[PDB]
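Number of protein chains: 2
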Amino acid sequence: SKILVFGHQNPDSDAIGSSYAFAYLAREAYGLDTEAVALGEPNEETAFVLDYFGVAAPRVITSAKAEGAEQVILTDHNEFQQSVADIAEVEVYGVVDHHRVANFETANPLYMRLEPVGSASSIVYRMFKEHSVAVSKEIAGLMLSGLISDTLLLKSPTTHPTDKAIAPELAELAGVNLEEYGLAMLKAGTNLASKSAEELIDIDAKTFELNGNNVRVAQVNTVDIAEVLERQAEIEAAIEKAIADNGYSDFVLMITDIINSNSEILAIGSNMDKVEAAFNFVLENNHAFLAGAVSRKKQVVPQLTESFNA
Amino acid sequence: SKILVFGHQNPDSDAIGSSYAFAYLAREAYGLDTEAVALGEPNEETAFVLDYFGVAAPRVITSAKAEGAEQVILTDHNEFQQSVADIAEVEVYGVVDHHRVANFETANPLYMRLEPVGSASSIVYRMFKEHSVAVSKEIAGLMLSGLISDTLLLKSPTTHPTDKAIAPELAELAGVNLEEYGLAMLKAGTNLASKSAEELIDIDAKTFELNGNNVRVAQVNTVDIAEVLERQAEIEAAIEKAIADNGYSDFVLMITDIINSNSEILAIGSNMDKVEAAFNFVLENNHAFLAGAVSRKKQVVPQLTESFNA
Ligand SMILES: [Mn+2]
Ligand SMILES: [Mn+2]
Ligand SMILES: [Mn+2]
Ligand SMILES: [Mn+2]
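Residue numbers (PDB author numbering), protein chains in the order written: chain B, 2 to 311; chain A, 2 to 311.
Please keep in mind that the hints were generated in silico from the structure rather than gathered at the bench.
There may be inaccurate statements among the hints.
Capping the alpha-carbon separation at 30 Å, the derived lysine-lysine pairs in BS3-like fashion look like this [to be verified]: (1) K196(B) - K298(B); (2) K188(A) - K165(A); (3) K165(B) - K3(B); (4) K66(A) - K3(B); (5) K3(B) - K299(A); (6) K66(B) - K298(A); (7) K130(A) - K242(A); (8) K3(B) - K242(A); (9) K156(B) - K196(A); (10) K196(A) - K130(B); (11) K188(B) - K298(B); (12) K130(B) - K196(B); (13) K156(A) - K165(B); (14) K298(A) - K299(B); (15) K196(B) - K156(B); (16) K130(B) - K242(A); (17) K298(B) - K196(A); (18) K156(A) - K3(A); (19) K196(A) - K242(A); (20) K299(B) - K196(A); (21) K299(A) - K66(B); (22) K165(A) - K165(B); (23) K156(A) - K298(B); (24) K188(A) - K66(A); (25) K66(B) - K156(B); (26) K165(A) - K130(A).
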């Protein structure tokens with residue numbers, strides 16, 4: 002049976018790029034019978050990436066067992082609630098990630114390669130180099146895009162020196178001008194006007210279990226926070242519906258200005274006091290400004306984890 | 002600040018060797034201010050290893066915070082209950098291990114290098130090579146000893162092809178004949194007659210939390226199982242005391258004949274039905290013979306994990 006390689010639910014560019022690239026690396030370098038798949042359709046930014054390099058989106062699955070798989074390799078995630086529905090029924094052969102670890106356990110030893118760098122694609126690319134496996138233009142393009150996507154063109158505080166070193170290498174392999182391509186790709190993911198309120202709050206959203214509470218943290222990239230706030234009423238309605246249908250304790254939406262590097266936080270839930278403590282602010286009409294925030298893994302999750310536990 | 006590098010409670014040769022070696026690697030490759038420390042004194046096997054290569058036992062600590070450390074690097078373990086007492090109060094900067102993952106979580110991203118190989122020392126050695134950092138005779142000796150210890154001289158089912166590949170290389174760097182040295186160090190850890198019953202059951206023992214139950218799994222290396230069983234009365238008394246003192250639901254002792262690769266399982270607790278299901282045998286007078294069993298991580302933990310969750 003093939004070993005399925007995939008990123009998290011609501012995959013982003015890095016999730017798609019890292020799983021596609023690692024599935025290939027695992028075949029060439031480790032002789033594993035892998036297959037890259039996805040848990041969701043590409044969102045707009047990734048659609049731009051796939052079209053630019055001429056790569057088909059990995060097929061979407063809903064059950065690892067239904068595919069006949071016995072083993073899986075996770076990229077860009079490790080928390081079970083962010084993975085395939087029946088993740089508990091298959092063996093986790095390996096994990097390549099750059100996120101915090103939680104709600105993850107195995108009965109047996111496994112392979113894990115985690116680094117606190119800008120993207121999982123960055124880790125995968127460096128693994129290509131260490132194993133002397135040639136990187137095609139298409140794979141370079143997808144990995145480069147994952148890196149650019151997750152670090153907002155190397156300016157996010159999650160950007161590691163090693164990310165800055167490999168970006169130009171990947172751009173060369175991908176046949177693109179790093180800044181020219183990067184800016185175009187990032188802009189492709191800021192067209193929120195084409196999305197309904199219910200769609201926008203689930204484009205890039207993950208669930209975190211904080212002290213027994215299921216907290217949904219969503220993020221959207223924009224070039225104008227004010228414009229998004231003009232739709233506050235409809236967004237709040239969508240959020241309330243999401244909370245009711247999924248049983249979340251709280252919903253935190255990051256409206257991220259990727260040009261100026263700040264996020265307006267729109268939150269609704271039963272633990273707003275914990276949200277305010279985490280962000281050192283006071284919500285007014287369900288929102289407040291979080292200066293300098295662009296990263297969920299570095300500027301939202303650690304803080305919420307701490308506030309919910311104390 | 003000082004980053005402490007250490008193995009699990011009741012450290013064995015691999016725990017001591019891998020942490021000693023990794024602390025050096027981290028300092029040499031990145032200039033990190035690391036310090037290898039231990040959570041306990043070396044067992045008799047490791048004492049032989051340390052004296053053989055002229056290395057002092059890493060100093061023992063009881064609290065990471067008491068040492069002024071804000072960050073730690075764990076080797077040979079990841080489960081919090083097997084780590085430093087205040088592991089939840091410090092940041093886990095990195096982990097190098099070859100065990101299953103459980104009871105481990107972080108608020109922030111981190112470094113993790115896990116591989117299902119024979120020892121953590123094996124992983125550390127290959128990391129030295131990946132970083133182009135030369136290995137001294139003493140560090141080679143400690144890492145080789147960790148590998149020999151955890152795989153019983155490369156004959157345990159946990160032995161990986163990569164372990165067999167690096168063994169001769171490490172032996173040459175350590176200046177020893179692999180078989181001659183291996184037999185000598187392994188023998189040094191089989192003197193059980195001189196240990197009290199209370200000492201014996203805690204030489205090499207780890208706690209696993211299975212479905213809310215704290216199960217203690219200890220192991221001792223011997224050349225004569227029957228000889229150890231002559232002391233069953235006092236050993237059981239020590240086990241009952243340990244169960245009472247620590248609130249364990251069950252205690253499993255592996256009496257391992259390292260010459261013939263078999264283990265007698267002596268178990269006492271509230272879930273013997275789950276223990277019998279895990280090993281597919283019947284306990285008589287609290288014990289049963291398990292042919293071919295020598296590995297806790299491969300032949301005990303996965304099986305108990307499954308039976309306790311059934
Ligand atoms: Mn992602
Ligand atoms: Mn990512
Ligand atoms: Mn160990
Ligand atoms: Mn080990």
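Restraint check for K188(B) with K298(B), where alpha carbons must lie at most 30 Å apart: 22 Å, holds
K299(B) paired with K196(A) [C-alpha distance capped at 30 Å]: Measuring from Cα to Cα gives roughly 50 Å; hence the hint is violated.
Given hint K242(A) paired with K130(B) - CA-CA distance at most 30 Å: 54 Å, violated
30 Å limit on alpha-carbon distance, applied to hinted pair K156(B) and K196(A): 60 Å, violated
Hinted pair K130(B) and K196(B), Cα distance within 30 Å: 39 Å, violated
Restraint status (C-alpha distance of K66(B) to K156(B) at most 30 Å): 40 Å, violated
Restraint status (C-alpha distance of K188(A) to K66(A) at most 30 Å): 37 Å, violated
Pairwise hint evaluation, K66(B) against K299(A), where the allowed Cα distance is 30 Å at most: OK: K299(A) and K66(B) at ~24 Å, within 30 Å.
Straight-line alpha-carbon gap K66(A) to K3(B), limit 30 Å: Violated, because 46 Å separates the two Cα atoms, which is more than 30 Å.
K298(A) paired with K299(B) [C-alpha distance capped at 30 Å]: 34 Å, violated
Agreement of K165(A) and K130(A) with the hint, judged by alpha carbon distance not exceeding 30 Å: 16 Å, holds
Holds or violated: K3(B) to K299(A), with C-alpha atoms at most 30 Å apart: Within the cut-off at roughly 24 Å; holds.
Hint violations for this structure: numbers 3, 4, 7, 8, 9, 10, 12, 13, 14, 16, 17, 18, 20, 22, 23, 24 and 25, all remaining hints satisfied.
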